[PDB]
Every structure is written in structure tokens, then in C-alpha cells.
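Undergrad: Residue-level listing of the chains:
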Amino acid sequence: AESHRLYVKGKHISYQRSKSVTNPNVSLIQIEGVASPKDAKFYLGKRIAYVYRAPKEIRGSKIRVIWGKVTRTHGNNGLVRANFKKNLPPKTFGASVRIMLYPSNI
Amino acid sequence: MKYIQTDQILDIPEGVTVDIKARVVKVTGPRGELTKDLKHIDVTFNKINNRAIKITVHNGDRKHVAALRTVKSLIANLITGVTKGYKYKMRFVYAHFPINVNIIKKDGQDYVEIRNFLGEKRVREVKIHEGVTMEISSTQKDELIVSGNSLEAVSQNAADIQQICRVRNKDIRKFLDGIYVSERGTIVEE
Amino acid sequence: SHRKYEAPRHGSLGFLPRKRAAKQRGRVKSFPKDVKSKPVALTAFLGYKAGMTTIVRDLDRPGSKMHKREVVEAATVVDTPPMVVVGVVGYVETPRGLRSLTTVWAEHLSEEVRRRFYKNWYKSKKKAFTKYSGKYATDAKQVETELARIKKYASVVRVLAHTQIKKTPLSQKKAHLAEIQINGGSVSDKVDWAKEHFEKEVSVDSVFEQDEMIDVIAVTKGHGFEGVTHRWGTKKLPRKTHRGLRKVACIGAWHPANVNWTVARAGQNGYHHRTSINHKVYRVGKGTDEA
Amino acid sequence: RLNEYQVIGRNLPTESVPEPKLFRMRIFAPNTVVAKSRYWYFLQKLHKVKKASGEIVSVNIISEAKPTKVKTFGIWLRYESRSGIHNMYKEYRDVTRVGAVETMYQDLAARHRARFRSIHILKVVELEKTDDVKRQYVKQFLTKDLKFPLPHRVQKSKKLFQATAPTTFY
Amino acid sequence: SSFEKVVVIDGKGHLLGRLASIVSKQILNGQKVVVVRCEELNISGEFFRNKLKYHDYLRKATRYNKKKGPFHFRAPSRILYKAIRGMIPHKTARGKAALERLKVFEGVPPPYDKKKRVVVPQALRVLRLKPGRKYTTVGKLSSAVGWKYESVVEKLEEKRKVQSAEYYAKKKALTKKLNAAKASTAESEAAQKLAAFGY
Amino acid sequence: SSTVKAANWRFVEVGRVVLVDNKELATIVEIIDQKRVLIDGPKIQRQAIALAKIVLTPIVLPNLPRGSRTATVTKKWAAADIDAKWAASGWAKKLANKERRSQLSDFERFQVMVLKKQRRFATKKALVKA
RNA sequence: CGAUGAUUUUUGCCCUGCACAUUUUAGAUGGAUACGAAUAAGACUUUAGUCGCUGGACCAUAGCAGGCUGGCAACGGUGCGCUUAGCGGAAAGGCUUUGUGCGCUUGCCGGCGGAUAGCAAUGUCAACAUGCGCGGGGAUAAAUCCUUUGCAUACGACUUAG
RNA sequence: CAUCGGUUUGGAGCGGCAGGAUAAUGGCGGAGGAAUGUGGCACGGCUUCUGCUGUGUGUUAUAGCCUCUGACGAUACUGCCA
Ligand SMILES: NC[C@@H]1O[C@H](O[C@H]2[C@@H](O)[C@H](O[C@@H]3[C@@H](O)[C@H](N)C[C@H](N)[C@H]3O[C@H]3O[C@H](CO)[C@@H](O)[C@H](O)[C@H]3N)O[C@@H]2CO)[C@H](N)[C@@H](O)[C@@H]1O
Ligand SMILES: [Mg+2]
Ligand SMILES: [Mg+2]
Ligand SMILES: [Mg+2]
Ligand SMILES: [Mg+2]
Ligand SMILES: [Mg+2]
Ligand SMILES: [Mg+2]
Ligand SMILES: [Mg+2]
Ligand SMILES: [Mg+2]
Ligand SMILES: [Mg+2]
Ligand SMILES: [Mg+2]
Ligand SMILES: [Mg+2]
Ligand SMILES: [Mg+2]
Ligand SMILES: [Mg+2]
Ligand SMILES: [Mg+2]
Ligand SMILES: [Mg+2]
Ligand SMILES: [Mg+2]
Ligand SMILES: [Mg+2]
Ligand SMILES: [Mg+2]
Ligand SMILES: [Mg+2]
Ligand SMILES: [Mg+2]
Ligand SMILES: [Mg+2]
Ligand SMILES: [Mg+2]
Ligand SMILES: [Mg+2]
Ligand SMILES: [Mg+2]
Ligand SMILES: [Mg+2]
Ligand SMILES: [Mg+2]
Ligand SMILES: [Mg+2]
Ligand SMILES: [Mg+2]
Ligand SMILES: [Mg+2]
Ligand SMILES: [Mg+2]
Ligand SMILES: [Mg+2]
Ligand SMILES: [Mg+2]
Ligand SMILES: [Mg+2]
Ligand SMILES: [Mg+2]
Ligand SMILES: [Mg+2]
Ligand SMILES: [Mg+2]
Ligand SMILES: [Mg+2]
Ligand SMILES: [Mg+2]
Ligand SMILES: [Mg+2]
Ligand SMILES: [Mg+2]
Ligand SMILES: [Mg+2]
Ligand SMILES: [Mg+2]
Numbered sequence: 002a003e004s005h006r007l008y009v010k011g012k013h014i015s016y017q018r019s020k021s022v023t024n025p026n027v028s029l030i031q032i033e034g035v036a037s038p039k040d041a042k043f044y045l046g047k048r049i050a051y052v053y054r055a056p057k058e059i060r061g062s063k064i065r066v067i068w069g070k071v072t073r074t075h076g077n078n079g080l081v082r083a084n085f086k087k088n089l090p091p092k093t094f095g096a097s098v099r100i101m102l103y104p105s106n107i
Numbered sequence: 001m002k003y004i005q006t007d008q009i010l011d012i013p014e015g016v017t018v019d020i021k022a023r024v025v026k027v028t029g030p031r032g033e034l035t036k037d038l039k040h041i042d043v044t045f046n047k048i049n050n051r052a053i054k055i056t057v058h059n060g061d062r063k064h065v066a067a068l069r070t071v072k073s074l075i076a077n078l079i080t081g082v083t084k085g086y087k088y089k090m091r092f093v094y095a096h097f098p099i100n101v102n103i104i105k106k107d108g109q110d111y112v113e114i115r116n117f118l119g120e121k122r123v124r125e126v127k128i129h130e131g132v133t134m135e136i137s138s139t140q141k142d143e144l145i146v147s148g149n150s151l152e153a154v155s156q157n158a159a160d161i162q163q164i165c166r167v168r169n170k171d172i173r174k175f176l177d178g179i180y181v182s183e184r185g186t187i188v189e190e
Numbered sequence: 002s003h004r005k006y007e008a009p010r011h012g013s014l015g016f017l018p019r020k021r022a023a024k025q026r027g028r029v030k031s032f033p034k035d036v037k038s039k040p041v042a043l044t045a046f047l048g049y050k051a052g053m054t055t056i057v058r059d060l061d062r063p064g065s066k067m068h069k070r071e072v073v074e075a076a077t078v079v080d081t082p083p084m085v086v087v088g089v090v091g092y093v094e095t096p097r098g099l100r101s102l103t104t105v106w107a108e109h110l111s112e113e114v115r116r117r118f119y120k121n122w123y124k125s126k127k128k129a130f131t132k133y134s135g136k137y138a139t140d141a142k143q144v145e146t147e148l149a150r151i152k153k154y155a156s157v158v159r160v161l162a163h164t165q166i167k168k169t170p171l172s173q174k175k176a177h178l179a180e181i182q183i184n185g186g187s188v189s190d191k192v193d194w195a196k197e198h199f200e201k202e203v204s205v206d207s208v209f210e211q212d213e214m215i216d217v218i219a220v221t222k223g224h225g226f227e228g229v230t231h232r233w234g235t236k237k238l239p240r241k242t243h244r245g246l247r248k249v250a251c252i253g254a255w256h257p258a259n260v261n262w263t264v265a266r267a268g269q270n271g272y273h274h275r276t277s278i279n280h281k282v283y284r285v286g287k288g289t290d291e292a
Numbered sequence: 003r004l005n006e007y008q009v010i011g012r013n014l015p016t017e018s019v020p021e022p023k024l025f026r027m028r029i030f031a032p033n034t035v036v037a038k039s040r041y042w043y044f045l046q047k048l049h050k051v052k053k054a055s056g057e058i059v060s061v062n063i064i065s066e067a068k069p070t071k072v073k074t075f076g077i078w079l080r081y082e083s084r085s086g087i088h089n090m091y092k093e094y095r096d097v098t099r100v101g102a103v104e105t106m107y108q109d110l111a112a113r114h115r116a117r118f119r120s121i122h123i124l125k126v127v128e129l130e131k132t133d134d135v136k137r138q139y140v141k142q143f144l145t146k147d148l149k150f151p152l153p154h155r156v157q158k159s160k161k162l163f164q165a166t167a168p169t170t171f172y
Numbered sequence: 002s003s004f005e006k007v008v009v010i011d012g013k014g015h016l017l018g019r020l021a022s023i024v025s026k027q028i029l030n031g032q033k034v035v036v037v038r039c040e041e042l043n044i045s046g047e048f049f050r051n052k053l054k055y056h057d058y059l060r061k062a063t064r065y066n067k068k069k070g071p072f073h074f075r076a077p078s079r080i081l082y083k084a085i086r087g088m089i090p091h092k093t094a095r096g097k098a099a100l101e102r103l104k105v106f107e108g109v110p111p112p113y114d115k116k117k118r119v120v121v122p123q124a125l126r127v128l129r130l131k132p133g134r135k136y137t138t139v140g141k142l143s144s145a146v147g148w149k150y151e152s153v154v155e156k157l158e159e160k161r162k163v164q165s166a167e168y169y170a171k172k173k174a175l176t177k178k179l180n181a182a183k184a185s186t187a188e189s190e191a192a193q194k195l196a197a198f199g200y
Numbered sequence: 002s003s004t005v006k007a008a009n010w011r012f013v014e015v016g017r018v019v020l021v022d023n024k025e026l027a028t029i030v031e032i033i034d035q036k037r038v039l040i041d042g043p044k045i046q047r048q049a050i051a052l053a054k055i056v057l058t059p060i061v062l063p064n065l066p067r068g069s070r071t072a073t074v075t076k077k078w079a080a081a082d083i084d085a086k087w088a089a090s091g092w093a094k095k096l097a098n099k100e101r102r103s104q105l106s107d108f109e110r111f112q113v114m115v116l117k118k119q120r121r122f123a124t125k126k127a128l129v130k131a
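Chains as they are written, first to last, in PDB author numbering: chain AG, 2 to 107; chain q, 1 to 190; chain k, 2 to 292; chain 0, 3 to 172; chain w, 2 to 200; chain u, 2 to 131.
What the hints contain is simulated information worked out from the structure, not anything from laboratory work.
Warning: the hint list may mix true and false statements.
Stated by the list, open to error - Short derived list, chain q residues pointing at chain 0, Cβ under 8 angstroms:
1. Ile4
2. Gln5
3. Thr6
4. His58
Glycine residues also receive a C-beta, built at the ideal position from the N, C-alpha and C atoms.
Please model the complete structure; the sequences and the hints are all you need to start from.
TA: In C-alpha cells form, the structure reads like this:
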């Protein structure tokens, strides 16, 4: 097995925002291969993990995760709104996230 | 108005073989071959037979329809250039100063050398385009014969000769000196 | 409101900034355009300004009142001992400009040119170019490979030559090393000429003939910090002006609320890089000539 | 998006006049609220009646008789420009009487900047005979054996990037 | 819609501003973009109009010191870069990172001469403009406004195309041989099963 | 001779078969404008549509009069056997194979991979000696 | 931004193979999958057939993050290490190629192993950088202050000489 | 995770009922008509009539279309479904 991936590739695009004011409590996520709200509606409720690396070890591991979930679709081109336990830091704009396949309903 | 369809019919004489592929026309006749690229125009071609070609514009506006008969006329001029040739005759017009016109060759290039125009010490030189033949008429005094297959090159060389002989700082209604195109015809008389 | 009278501007904006040259050796910004049909020949030479003199010459200028009549003219002497060829550089045409590909050097360099690469020669072990001189070991195939690369890829070939400054009366021992573009012939012809001229002397009579018109690249005389009156040729203020008169009275309008780059200001004068063209060669003298 | 309505109305009956004349108009409106509004707009342009002194009697949709038969319609218009009031006559090809009016409203908006409020539809008539067609821009589609290609086809892509060269054959 | 490690776009036939906006949003969203052949880009409008526009751009300079004013870049890649940077919040750290994700070139230099170039249909000149309209090539406008290396690029592009044509002839020959080998293994058990699966 | 290369366009004419929505076949019965046509078919509703919403196929239903009604269109469609003509083209075959691929399960995809491994082995074996 | 010379008798420096540990990462998690040109035209296979109407393609993809062993059919495929030859200067720093050795092969079939992480918790598997141990190859400088100069100069800086 | 309750955004959602010109169409049957006139026929230009073609003629023939209509059967749109 050259491939071991069990998540769908995503990207942290933006916060929910107007022209001048941003709302960090909602993140906008682009799911790879999704181009319409009908396609993106498959992924509603699926949990999201942002995996990143940190200087200090916690229990011998330097990898920490912030978990979230898909709440609704956004717009017409298959973006979704996400809600994380802790808001995604703004420096992660353009960083890749993991769209989990659970809670599965297939 | 977006006219639904507009057509023009080329007529190809017996010894002429038009040849069109991707708006590049190559016309062959007894006198030779001429080629022209039309990639700047949106036209389509249908071969009706060996003697006629349909040139069509589909759903063309006023200007785009206007650009169709000019295509027809250009290809027809190519055909008559490769089946009859073109000949422009120029007459030398001067009141006092004789115009001394010679056909010289410098640096491997043919030139038309105009001297003494309005008494000027300046020597005017006009490059002779490729495929264009110059001749000093023997049957006529002060006559230049410009001939060739391509009408565009012949008329533009003739225009070059005419334009180089413009009068400056004078009343050009009075000082009518210059070299002017007097006859626009064909090599083969009709 | 406008100026009361319209006068021309003081100084040229095409020689800004009026700063010191980055080097004392003037550098050829542009070489003559290459013509393949010409024979392979040098386009430049290095010399030293000796001094000025005067000549008398019969003028050949029809229509002049001095025609066929003696004129007295100032002349400049440039001491030019033959230069020694020590290197060659190849240039490649790129979408970002000329780029140097390779520099090939000669086997033996004289001491005066090896002093060029040192600030403290007397304290050194003089190790420059010793391993490179070893690159010529019994087959010199590294040098031939680089030269073949130049022939294969270079579009511009320039030679590296230095002056023989030990033959001049100057006490300076550092030679002056410069790139002189090679014109004429194919790239292969230029490379063969450069290789075959390694460690050889080239004289001025092989670069310049008499009655030729040549250009001069040099750094002008330094004058240090200078006021506007002499730096820019501005009008002196009246004698009775408070705080001095060798100034520009108005250095700008109220708006733009800044000093413009076009206003004359005090600063460093001279020691500029200049290219001066159309100087006629009256004589190419020979050192061996007793007359 | 319009519908054709039949609106019938009358003046309110009086003891002097207990059966006023019933007047019908054909109104092209998006819905019945605008259909009854436009009705009173034109009756007060023609007859001494008001919405306060009148009564709407019937509103009925008039469906196309043959909605899949290609027709040519002539529409008679009265529109207001920036300077004056003008009469015009135009022709349209469509399968529904309503769909010709939708093209007409788009058409006078585009070539004359005439808004809906500035336009009166005097008459819409289906031209039965080919000799009834006066305008060339629709007469050119009534020729025998009409064929034409659609050169330079532009394909809309769902993806941002395409790995093959674009084409326009068709 | 797939996320690629690098997207190399062949800039030939692309309209300047539509490609600029698409590439700006792509690089803002964390995608690395390389644009090659910027001398073959296109601008809508005739050549003379764009020369006048560039002269309007050139007119603009800081009065008190011309060295502080706008820097009018003449290269086609820098024209595209200016168009993109006008569409980016380039004075923030995020815009600076997004601009680091982008590369623009004239011609096709190494290592991209042996990689795959794609097109962007939403920004292609041949698919957007009305078939009678006039357009400009950015390479000619660049030469007309000071770019010095047009003839160098065309000499190197002809050299690259000669090598790239040899590549395709080799690939077509090996593709033809593999098809003949795939024809031999047709009507085999795997092939029949793959035909029932749609392959 | 002349040797004029002519365009191989598909024409808007009475009798052209078109694809609608990548699912259904229909034929043009009468032309409304440069942009609009009237279409009909055995498995479609007779309607006026914009030419942008349909795709012309290289197939012409021969001898279809302009403005033919639904009964005439159905009868002539059955006579010309347009469904069989469509189903024999590489375009329809590619659509069918795309649908068939889209209906595969995970197990069937695994089997597809296995069969590809076997066929690639056979193909390389054949290729090395040919 | 390029080319080129020389690079500390210091326990200092360069290159390299292994091995380990660290800091950093604008953000690996099968593959950046290479004609050119036209578009009122194009591809392929020999002016005629086929093709497109999107990459929902192609290649790759099975094995404790992929174990331990055994057997057939083929003489192919692939990784790594030497090795042969050629090409590439636009920023070539890569693309091929000869012979050879060590592995694997899922093209096919056997025998054995995984549990208890308890119903999920990224459940840790990559490349860049730096340091340090060994091993091996390799080389053995300059600049500044100071004095001097006057092609220079307010002081810095600059041209010289020592 | 399951189930519940409150709020809420949806689905290519599925089914029943009602209204209208008791939709208009379409389909089937019958009657009439015309032309952007099908077959046929008569002159021609290119075809050994190889979708040959142009024009004339005329009214279903070796295509059809338009209008009216007779008995059914649907659908669109819109409301309602405790
Ligand atoms: N292969 C059937 C062909 O029908 C064609 O003729 C058709 C038309 O002439 C005729 O006209 C219309 C028709 O358009 C419309 N859709 C239906 C209408 N009832 C018909 O009307 C006519 O035909 C019917 C019989 O169908 C007769 O009962 C009626 O009297 C007559 N007026 O209907 C015929 C059948 O649809 C050909 N002209 C004829 O040569 C041939 O029989
Ligand atoms: Mg990570
Ligand atoms: Mg005048
Ligand atoms: Mg006068
Ligand atoms: Mg004043
Ligand atoms: Mg220069
Ligand atoms: Mg190097
Ligand atoms: Mg090098
Ligand atoms: Mg002084
Ligand atoms: Mg001094
Ligand atoms: Mg002074
Ligand atoms: Mg005073
Ligand atoms: Mg003071
Ligand atoms: Mg291309
Ligand atoms: Mg490759
Ligand atoms: Mg400049
Ligand atoms: Mg560590
Ligand atoms: Mg193509
Ligand atoms: Mg094929
Ligand atoms: Mg071929
Ligand atoms: Mg061919
Ligand atoms: Mg073909
Ligand atoms: Mg493919
Ligand atoms: Mg592949
Ligand atoms: Mg084994
Ligand atoms: Mg083996
Ligand atoms: Mg290197
Ligand atoms: Mg390097
Ligand atoms: Mg490789
Ligand atoms: Mg979890
Ligand atoms: Mg691990
Ligand atoms: Mg591990
Ligand atoms: Mg000093
Ligand atoms: Mg509830
Ligand atoms: Mg609930
Ligand atoms: Mg109902
Ligand atoms: Mg009915
Ligand atoms: Mg009728
Ligand atoms: Mg007939
Ligand atoms: Mg009914
Ligand atoms: Mg019913
Ligand atoms: Mg409903
Ligand atoms: Mg309900």
C-alpha cells in the first residue's frame, strides 16, 4: 500500500466575514473535489481535524490537533462552514485540513 | 441586424487552380502563383466545382458582412494577377526642370533614381519591390512602366514613386510637378 | 506665480547622481557591435595619462578660412606599453541579460598582475592561481574542456588583459586588469585567437591606427565637497546677502512639501565616470623610435 | 416572467345606471395583482371610471392555443422616450404570445432604454401569412430549407484547469 | 478541482486580468502557481491603446524624487506580476506569503521545460472575446515600452520547441507500440472482465 | 483541381438529432431564430428551447418536414431507427462506460485493480518481444 | 545576479558514507502526468474513417505503515549500488543509456502470524536546516588596525607602497 | 454513540386531494384549407438523372403542414394534507 490516507483533503480558506469584520468562530473550508452544495451536503456533520506540529512534547509527542465539525454549506461552489473546539488561528489561512469520513452514514 | 447568411461566388477561369486551406489562398495560373493569408477574417469556403468557389459569412453583422466582398475582390485580383498580370503607366510631369529617371542597382537592390526634380541637388531613390518590373518606355517620352503579377505590390511601388515627388512650401495647384500614375491596366490587353 | 523670466536649467540631468565612481579604473559600459565578417581584433586598450603638449598641423578642410594653413592645437599623451593577455571570459545570451559562463586563465601570470588580487601583497604567501596553474598538469584537458564549452555556448567572447605598469614611471606595482571584447570572426575564431595569445604581448599598433576616431573612458579629477556656485554654475547672490552668497536662494516651492531632486545642492564634485567620444588619433608612437 | 390575463370590469351600478357596460382588456403581467392594477391604469386612460367607483368582474389566464407551433408575431407599441411619445411596430418569432412580449420588453429595454412603465402594448397579432411579415430580421428565418451552423463553440467548464488544448468544433 | 503540488500554466492565449484574478485567489488559498510564457499573454483591446495605457502608467511618478515613485516594469512577467499584486493585500504578512507561492517567467526555463503545462478556460482569449475583436500580445507591448530581450526569448523558444518536438515523436512511437501490445492482450480473461466493468 | 478544405460543422436543420442534459435525445423540427429551435422526440416533451441548452450530434434524421408534429416525429424516428444509430457511436459508448464505471462498488474497484495488474503483466510480456 | 583566485599547523576547515539527536516549516500524506499550432479549425491511424461533446482521464494502487516462510508460470517489471555511453547552459544540476550485483514482484497457488489500542481520540511513519560521534578522501589563507601615498579626502571612505 | 425535547437549514425527496377553458397542448378519429408545394409531371445546367439541382405546375400521391371538431386520457401552474 503506497497510499494510507483515510481523510478527504481540505483547506482552511477564511473566517466568516463581511468586508471589514471577521468572525473567527466560523471557518470556511474547501473540500477537495466538491464543487456544488449538493456534493458538499454529503459532508455535513463529518468531524474535521487540523493537525499541526509544536515545539514542546506532550506525552512524548510533538503533534497536536484541533478538532471540529461541518455545520452547513456555504455559497454555491461547495464550500462549507466549520465549527472547531478552539478557533483556527488566522495564520492557518491556506493550510490543509483533514475531512474525516465519520460520523459515517453510508 | 445579424444577417443569417451572406454568400459570394468566386469564378475560376479555365487555366487557374485556386487552392484554399485554413484561410490561406494559393492561386495558380498561367502567369504563376500568388498566396495570401486571411487569418484576420472569419469566412468559410465551399468548393462548388473546379470553376466556382462559395465564400460564406454566417450570422455576420454589418461590418463583418462588409468584410466578405473585399475577400472576393482580393482573390479575384490574385486570379487576374496570375492569368493576365498588372501594368501601371506613369507620366513625368514637369514645367521647367526635366526629371532624370534611371533604373540603378546598388547593394544588390534595384532602385529608381530620380534626379533634378524641381532642380534639387537631392537624389531621390525608391526601392523596387520584389516581383515588380520597371521599364523606361521607348514608344513614349517620359513614361515609366511598372508591371507584375501582384496588384498590391505594383500599385504600392507606383504610390511610392508618386509620394516621393511631392512639392513642398509651394502652391501645389500651380507647381504641379511630380510623377503620377496615368494608366492602371493589365499586361495582357483586353 | 511663474518665474519672472524664463532661463535654462543649471546642469544636466543625464549625469546624475554626481557621486564618486565605484572604482578608479573606468569600465567600458558598452562595446562595439560585433560583425562576423571582420577579422578578429581587439576593441580597447589600457593606458596612463602622461600630460598635454602642442602640435602644428596643416589643415585640410575645404571652405574653411584656415584651409591649407597652420593651426595650433592642444594634444594629450597617453603612455601605452603593450598589454599582456592572461585570460578569457565567455558570455551567453539569456532572457535576463548577458551572463558570464566561464573564465579561463593562462598558465603563468607575471608578478605585477598577481599583485592585482591582493590588498597586502608583502604580508602574503602569494598563493593565488597556484592550484589553477597546476590544472595544466601534463595534459591540460580541464582547460581544453572549458574552452570547448566557451566555443559551444558563448555568444560574446572577451579577453582578459593587464597593463605592464612596471614599464611606466609610476611607483604603483599593481597592474590594471580589464576585459576587452573580441570582435570579428566566429566564436571559435575568437576562442582560438584568445588561447593562442595567452602570455603574449599585444601592442597599440594592433588596436589603433593613426587618424582614427576613438572614445576615452576615465574617472575625472576629484575636487571634494563643493558649493552650488561652482558645482552647478548657479548665480552668486548679492554681496550684501545675510549668511552668505554662494547659495541657491530658493530650493523649492511651498508644495510639494519636499526638496526636489532637480534642485542644485552642495555636494561632492568631480571623480565621476565619464565616456568622451570622437577624439582623433594624431600619432601612434613607438618607444623604440628615437625621433 | 409574464402571463396573459383576461380582466373584465365595469363601473359600480347606480340606481341611474344598474348595468354598466362590461369592458375587457388583455394584460401581460407577472401576476394577478399587477394585472388588475394595469387594468385600472388603462380604463382611467380611456373611460370615466376609477377603482373606487368601479369593480373587477373577472380575472382569467389566457393560455396559448398551440404552444408548440412556431409562429411570427407582430406587436404594435406606444412607448415614451426621453423627449417624446412614439409609435412603433416590431415582429418576433416565438411559440407563445406571452414569450414574444417578454422578448419585446427585453428588446425595447436594450435598444431604446424604454422601461416597462414607458411602454403601452397596443396589439399583438399572429401573422398567419408569410406576406404579413414586414420585418427582415424575422423574415430571414422563413426561407425554405433553412440551414446554418454554429461556428466557434465555447464550452463551459466545471473545473478551473483543463489538461488538453481547447477546441471550438461543432 | 484536485490539489496539485505545483500548477504550471502555459500563459499563451490568456487574458491578463482574468488570469491575474484567478491566480491571485489560487495563491491566496495556499496553492503554488508557476506561469510560463508571459510574453505570449494577451490583453483585450488593440495594441496602440495598450501602448497609450502604459504611457499613462509611465506618466505617473513621484514629483519630489522620481526614485520613490511607481516602478514601471517593462517585462511581460512583471506586467502580470503588477496585475496580480494589485489584486492582493500585499502589505500584510499573509499577502507576502501568498506572493511567495507564485512564480512568473518569460519562456519555459528549466526545470519546467520537461513538465506539464495546463490552461485556464475561464481566462482564455480565444474562448472569451467576440470573434471580430482586436487583441494585443504582451511581448510586443513589452518590446514597445522598453523590454530588451524579445529576440533572445524567441531564439530560445524555437530551440526549446525543436527539443520538445523530438520528445513527442518519441512518445508517439512508444505509445503506438504499447497500443499494439495492448491489442495483443485484448480478448483475454482480464480484458473481458475489464470490459464488463467499463474498462 | 482546386482542393478547398471545407468546414465539417454540424448544421441547424430540420432533422438534426441533439443531446439534451447529457441524458435525452431529441430532434429539431423547426427553427425559431439563430438562437432558438423547436425540438421533439419519442422520450422528450415537444418544446421551444435555446440552442445553448442542447448539443447538435453528427446525426440527421433524414426527410423530416419542418414543423412536424409529435406523431410524425415519433413515426419517422422509429423508421430511421435513431436510437440504434446513436447507441453505436463512440460518444454514446463513452457515456455508457462512464455510467458503468460510476456504478462500481469498492469490491468491484478492487477486482478492477487486480485485473489491471494481470493485463499489465501480459501487456509487458507481449511488448518486450514486439 | 553571475564567473573566477585563494581560503586559517589551526584540534581549526572542506567534501563524503553511515548513525543519532535537535530547532524550523504559510502547511507531504500515491504521481507537478512535458509537442507545436490553429480555433471560420484540429488531432490520431495510410485526402478519406475514427475521436472530442471535458481529467468521473492516464499511470500507480492487494501484503503486521505491509510480517515469517514455500512453491509454479515467465526470463518480463521495479527499487537500490556500482558501472558504460550520450545529450541538455535559459536558471543547464536533469533526461536517457551499457554491463553487473544485491533485493522485491500482487501474473498464480500454499502453510504460519496480528486479538487486550478494549466502540473513536493525527494515535505519531515525509523533506528542509543545525549540532554531534565514527570512517574515508582533501587543502594548509587573507583582511583590518599601524606606518606611508595624494590619482583621494570634512571624518569615515578612496589610490598606492611596506 | 443512542434516544428525546426546543429552535433551525435542507433533499434531484415520495404519496393523496382540489382548482383552471373541469387547463391549454399532445395522441386517436372525422371534415375543410393553404404553401416556405411531398410525390408526380414539363422545360434546362451539371451528373453513365449518384441526398443532382433550378424554375414552373398543382393540394397527398412515394412527405407533410395549418384550421375546425368528437370522445376519452394526461400534464404544467397554484393551493391544501391535523
Ligand atoms: N402514411 C400516411 C400519409 O399521411 C399523409 O396525409 C396526412 C394529412 O394529409 C392528413 O391531414 C390531417 C393531419 O395533418 C392531422 N394531424 C390529423 C387530421 N385528421 C388529418 O386530416 C385528414 O386526414 C384524416 C385521416 O388521418 C381524414 O379523416 C380527414 O378527413 C382528413 N382531412 O392526415 C394524414 C395522415 O396524418 C400523406 N399526405 C398521405 O399520402 C399518407 O397516407
Ligand atoms: Mg504534520
Ligand atoms: Mg502649404
Ligand atoms: Mg509661399
Ligand atoms: Mg515669481
Ligand atoms: Mg550595453
Ligand atoms: Mg557552475
Ligand atoms: Mg561553472
Ligand atoms: Mg583640493
Ligand atoms: Mg587635491
Ligand atoms: Mg569654490
Ligand atoms: Mg544685511
Ligand atoms: Mg550658523
Ligand atoms: Mg498550447
Ligand atoms: Mg519525465
Ligand atoms: Mg531606462
Ligand atoms: Mg532531536
Ligand atoms: Mg486539439
Ligand atoms: Mg484514434
Ligand atoms: Mg495523415
Ligand atoms: Mg493526410
Ligand atoms: Mg476525415
Ligand atoms: Mg489522459
Ligand atoms: Mg502516465
Ligand atoms: Mg516468495
Ligand atoms: Mg528475474
Ligand atoms: Mg554549481
Ligand atoms: Mg552553480
Ligand atoms: Mg525518471
Ligand atoms: Mg476523534
Ligand atoms: Mg513511528
Ligand atoms: Mg515505523
Ligand atoms: Mg589607508
Ligand atoms: Mg425535534
Ligand atoms: Mg430534534
Ligand atoms: Mg391535478
Ligand atoms: Mg385536443
Ligand atoms: Mg392554410
Ligand atoms: Mg415538385
Ligand atoms: Mg380534456
Ligand atoms: Mg383530466
Ligand atoms: Mg403541487
Ligand atoms: Mg405538509
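Undergrad: Confirm or reject each hint.
TA: Hint-by-hint comparison with the structure:
1. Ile4: holds, 5 angstroms
2. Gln5: holds, 6 angstroms
3. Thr6: violated, 11 angstroms
4. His58: holds, 6 angstroms
The structure fails hint 3 only (numbered hints given earlier).
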